[PDB]
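Encoded as structure tokens, the following chain is the form deposited in one PDB entry, with no partner shown.
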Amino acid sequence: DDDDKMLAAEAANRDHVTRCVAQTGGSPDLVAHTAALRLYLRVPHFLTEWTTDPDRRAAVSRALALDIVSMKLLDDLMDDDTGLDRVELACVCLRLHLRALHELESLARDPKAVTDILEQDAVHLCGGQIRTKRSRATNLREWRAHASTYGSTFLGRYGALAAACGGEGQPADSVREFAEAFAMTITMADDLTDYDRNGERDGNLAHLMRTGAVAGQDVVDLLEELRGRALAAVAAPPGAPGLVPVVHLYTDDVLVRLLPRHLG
């Protein structure tokens, strides 16, 4: 079945990454940390679901996993909250990033697309990240705007990328619309998921919900808007019907299990 395929890609992606981190000098502690980024290693699978060839699909999924983890380490490096070596973080981050550009470029119909896609909205992504951390959100409007950069544009670039290294007949705008909508659903999920790991403060949105600054129904509505946006994206021909239940799994998880944890 399909869950079988997702589980295998996740394990292939995980191994491609930890092997890479280990051979560049990352300690057992950082290797385990990259292996703990489950959704980050899984999402590249959903992102390459319009890729016909299984071999090309596995190569693109992992190349993308290499850069997603890389950017996620960059993030942990700017926050300094993981208690992981500052040096190993930077070093591994750059190493994984260079490996990803290399693999992705060798799979792209045209190597220049990789960097065109990366530069296209780099300012949007980076400046938004600066904006986001600079000022907390005070209501759903601001949260959502901050989230379309660290969440949506971030994932959206990888969608664009998968389309571009995913061979022929990949509806590029559609893979990206899925990427950005899905990214926001899981970004909320994480913001609302507390793990108790050290100096990890309440997730902004979760706080806004418990404070009352953000309306419960309003979150529900956004969730629904994001489910529709993604279902529409995967319905567009040629289609990726296989992502349909995935969109539902994640959107329904936040509605059923995460929201009740924050009704303030």
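Only the largest set of C-alpha atoms that superpose within 1.5 Å between the two forms is called the rigid core. Positions refer to the first chain, counted from 1. First, how it differs from the form deposited in another entry.
- Put simply, after the core is superposed between the two forms, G199 is the one residue in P54, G216, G199, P238 with a Cα shift of at least 2 angstroms.
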Given for the second form:
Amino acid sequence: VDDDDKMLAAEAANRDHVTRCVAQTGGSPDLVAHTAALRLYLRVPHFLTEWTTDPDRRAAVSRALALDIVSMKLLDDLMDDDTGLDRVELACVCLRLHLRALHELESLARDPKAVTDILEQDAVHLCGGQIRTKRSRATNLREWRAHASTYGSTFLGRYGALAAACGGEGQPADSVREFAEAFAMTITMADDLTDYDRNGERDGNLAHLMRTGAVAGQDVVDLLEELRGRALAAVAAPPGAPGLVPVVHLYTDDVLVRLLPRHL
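Take the protein just shown as the form deposited in one PDB entry and give its structure as the form deposited in another entry.
Coming up is the bare chain, nothing alongside it.
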């Protein structure tokens, strides 16, 4: 029973916790499926909870983060209005998952107030940020990383901070967050480079900029190595989360080896 076995059951456990919740509140089969297709969103919680020693607390915190991440994901499909899904169901399942998560995270936290504290602290940064991103599209790598630092980095960093606040002792809150923010930027690029052909995306899309020459391949490569670096350092701060080392390499090499050549 290695680490990959833990990741997979963590992922199955989160998905089921989420689909059960979507269904119990009125979600149509289309919506239930759509949520179970959110693979990485259901898996990331497991990485954020890697510093949590007690396995029972870890599974609980893991699925509570999953409910809220899926929730924000649905609110997003709601603002893009392109999934063909029912807007009432989307809006409602979204509110429900979110409320259940709050309730689950608060009952796991050392101090209940810290959940709202984390969620409020950079709510303007995340929300004004998401707005600016869709308002004015990026045209160079600088503006891209700037935008991505909010809907990707800040977005996962909050779940990192929550993971630490609800994971008991032996949690270097600052590092978990550093890890999350760097890991997120990496995933955002991947997503961007996948979605160019899977979603038909262009405006502000990193792949589009690369293909148009507005962004140089080696810069993208640098950013990727920097992120890898920031992530390795974060999972090395005491107590440490050596489990995440191979994970950081997996997602980074995948963008370098599989995704990038597609655009260069």
